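For reference, the chain that follows is the form solved without the ligand, supplied as structure tokens.
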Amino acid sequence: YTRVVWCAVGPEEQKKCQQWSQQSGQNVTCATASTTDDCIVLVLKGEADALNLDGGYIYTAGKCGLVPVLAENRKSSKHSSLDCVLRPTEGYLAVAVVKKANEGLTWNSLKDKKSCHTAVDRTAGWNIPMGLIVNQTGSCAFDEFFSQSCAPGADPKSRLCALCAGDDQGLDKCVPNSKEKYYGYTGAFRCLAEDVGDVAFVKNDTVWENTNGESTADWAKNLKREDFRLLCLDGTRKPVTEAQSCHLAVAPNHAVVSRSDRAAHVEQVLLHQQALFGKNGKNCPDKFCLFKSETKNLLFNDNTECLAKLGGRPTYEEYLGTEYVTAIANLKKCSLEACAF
């Protein structure tokens, strides 16, 4: 009847998927690939059914005909009466973060500094801040704005990979998967925290989830929120408490996508799966938790309360919203219809 194949990106996701697999009695199973881009291709081929993606990849996948099915939903303050699965999604704040101790650094003095990005093509780590930088500079030359960076998915021998560290052994430098030490929200933030870089483009939640004891990770257990500052677009710096007033943009939530002809089936199984291994699930911290991976954000972001139904039966353009879609288009003109494969 119903069996779903999930696409895991890199070996750590693979491992988490295998566990979910064994726990679901094989109701879910796993395919693995090296990059999100490849995973998308497996789905198009029909060798994989689904994966959860950042909005920048939702855009890629969309041109290829894939569709959003369920969105990530994190703890809400407003919109409280509704059960999470039917609660509207809020979106996340894309911020630029720096060290307080690095005085005098503002949005207007980023040129020639060192940067930490979650990965090329992602929303908070790339699309927003690079689009803004392309716009106010007039130049499509974004590889030349920062002196060095860690930008996973960029050419390993270019300046945009210069700060990436690879794995344990120094292998896989700048691969866009968790093998790369400075990959994703948590890796970019760690890139700033270790003073490898001057600024990190991550979301508001990351700063909080890795400071003041929220993470027992050794590179973080000792970090304090007051030690960081957010760069606002008007040239000022604020405490990380002012995010709602000092952000680069509001990002659409990460969401699960699948081929359109598989959407109904994918939706059904996952709804059941969260009942079982979700935030309050039947089995959930006893045997297995779909939304926990030790601050690593494997398959899903760790702050996910549930996957929510969409309503309005959104196309991918509707889901990301016209504002966001026009920034990608304009940025994409730098390096308008097709499917990237």
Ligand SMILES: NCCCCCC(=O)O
The other form holds:
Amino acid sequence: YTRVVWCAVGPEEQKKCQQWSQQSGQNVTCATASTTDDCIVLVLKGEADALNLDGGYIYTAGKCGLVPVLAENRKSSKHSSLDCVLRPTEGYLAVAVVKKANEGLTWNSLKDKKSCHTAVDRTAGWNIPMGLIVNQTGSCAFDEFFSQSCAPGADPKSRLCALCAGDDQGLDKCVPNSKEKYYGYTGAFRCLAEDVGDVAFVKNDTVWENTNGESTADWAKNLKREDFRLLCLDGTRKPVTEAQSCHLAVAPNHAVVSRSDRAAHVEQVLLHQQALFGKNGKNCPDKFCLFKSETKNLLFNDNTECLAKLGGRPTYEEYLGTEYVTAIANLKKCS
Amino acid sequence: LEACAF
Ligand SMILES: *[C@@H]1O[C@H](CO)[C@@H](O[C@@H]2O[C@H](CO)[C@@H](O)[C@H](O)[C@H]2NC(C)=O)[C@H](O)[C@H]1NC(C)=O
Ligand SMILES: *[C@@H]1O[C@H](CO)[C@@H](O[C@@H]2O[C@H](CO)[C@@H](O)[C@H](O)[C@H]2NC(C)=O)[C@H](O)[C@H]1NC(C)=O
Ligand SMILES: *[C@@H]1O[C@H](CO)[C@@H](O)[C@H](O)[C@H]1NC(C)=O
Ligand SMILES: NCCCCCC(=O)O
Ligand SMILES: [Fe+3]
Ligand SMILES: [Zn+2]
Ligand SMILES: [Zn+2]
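For comparison with the form solved without the ligand, please write out the form solved in complex with the ligand.
Next comes the full complex, this chain leading.
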């Protein structure tokens, strides 16, 4: 058999991948790149085999020929007798979150406010909110809608990166990897928690997972869910308990992609690797847990229960859904 | 309906 070469985005992912590789007896090995688009290019060149991707990045990968292999499955809201690997995925809820104390703010008064996004080109952080804003404003000038933002991946001198903070030294401002303080779900929620931004575009799970003591991290350890509100598209504000009736969209779960001729081997290796290091895996927590990273969602989201098999050997457009693909392609007309 | 970005 062949080794599977994973692609880690940035140095924190690379460290976790190197621990996985050592524990896997090198059944998995690691390549690393600075951004997710650069990892996609390593896999297209055949210099890496696979990585797990947000749906906006699956669109970029899929336009280049890479295919979905397995999907993240988090705990289901409804009981199921099916094994995690065979249980159907339920998308996650993209939401817009604000502070309750910011009393005037609704979906309809976001213009000229400060925003926090997971990264350009990601589903909840960017494609869903900016796609809705372009459409509602009738304007492609989404780079001028908010007064300042942190949108990792955007031009670092532009207003879309003005709120980004870089790393411990202030280097790498706005890079779309975990070195940027405000990257990703947890970084964009921290941008809101710290009142750097007025609004964060994340998913429902992020707000729950980083409030009320669910996270012990210093910036989160003291946050209370009741201090946050969701912005609904009808211009109302709701408690974060009401995400099923106050979301911007339902997103397809993050999933692993690879080149088509390595998909079967990547699939078999991952099913074995999660049997060892997955949630309740043979070797987790004693040796290594593939789906933990101290809340930092490195390689996989920390709320992943397993990687699940896909139904219907789907193409990337079947996996993302036609409606979402068309929304992305509509927004990408602006660029 | 476009192609690969890279
Ligand atoms: C919003 O996200 C949270 C966190 O994932 C979900 O709350 C979890 O729901 C699971 C499955 O029901 C429970 O067993 C977990 O205990 C809950 N976690 C926490 C921290 O409370 C919540 O269901 C999601 N809301 C919607 C509408 O999907
Ligand atoms: C932004 O608006 C565009 C244009 O209306 C939306 O695109 C349409 O989506 C519907 C439903 O999926 C399709 O039947 C149409 O064919 C699409 N129209 C065009 C011209 O492509 C798009 O969904 C909207 N974006 C968001 C994020 O809601
Ligand atoms: C490495 O992979 C081989 C072949 O599938 C298998 O026999 C071995 O158990 C694997 N070990 C680990 C630790 O993943
Ligand atoms: N256009 C369909 C987007 C995918 C929705 C997420 C889901 O149903 O799992
Ligand atoms: Fe996402
Ligand atoms: Zn809905
Ligand atoms: Zn099909």
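Shifts are known only where both forms have a C-alpha. We call the rigid core whatever largest set of C-alpha positions still superposes within 1.5 Å between the two forms. Positions refer to the first chain, counted from 1.
On rigid-core superposition between the two forms, the C-alpha of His79 is found to move 5.5 angstrom. Overlaying the rigid core between the two forms leaves the Cα of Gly311 displaced by 1.9 angstrom. In this core superposition, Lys111 moves its Cα by 0.2 Å between the two forms. Residue range 77 to 79 is the only run of 3 or more whose C-alphas all shift by 2 angstroms or more between the two forms once the rigid core is superposed.
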